[PDB]
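Coming up is one lone chain in structure tokens, specifically the form deposited in one PDB entry.
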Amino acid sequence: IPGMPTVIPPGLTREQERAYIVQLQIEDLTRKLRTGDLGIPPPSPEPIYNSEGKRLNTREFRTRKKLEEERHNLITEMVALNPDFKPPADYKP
């Protein structure tokens, strides 16, 4: 079983159709940042530390940094796609 598909609702225009999927991904990236331990497994670069020997780059750190980046780019894409869309307060164009 390949898994559950993502379904774009019918009757939408082409623009609204790209908007839907981008908006659905934004909500999805936000949900991951707001919930769950991202330290969990989904590759491993050289470790990096502060002055106390505490590791700075972990799965949890790199992943979160990565999702935050992706969410930011998506929000940027949405703005180009939807002039009437207003980015969240935390957004910084």
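Between two forms, the rigid core is defined as the largest C-alpha subset superposing within 1.5 Å. Numbering follows the first chain given and starts at 1. First, how it differs from the form deposited in another entry.
- With the core held fixed, the Cα of residue 25 is displaced between these two forms by less than 2 Å.
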The other form holds:
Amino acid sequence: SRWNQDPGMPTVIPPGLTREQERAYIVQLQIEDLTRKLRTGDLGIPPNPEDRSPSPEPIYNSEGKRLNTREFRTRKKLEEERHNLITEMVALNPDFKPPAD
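The structure above corresponds to the form deposited in one PDB entry; please provide the structure of the form deposited in another entry.
Partners and other molecules have been left off, which leaves just the chain.
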């Protein structure tokens, strides 16, 4: 399956919100989770390499250390999605102060 079983923003959308105000809430909320996942950082890497996609050819630096690890690749996507979401609200701002992180 895909589903998940076991102090952020309320998970239910408040009562009356414009199509825009709602979009702002959900984006602001993802910005929240993405920041958390990158802080811990709690990535979404599966424990076993069975469900994982085939790995790309490994590339290394001068020390012989691999650069494109699973973790690096996955942390990239999160950083990428977070960036676009942050950038999405750049063409919105109600004078919303950028974090600059």
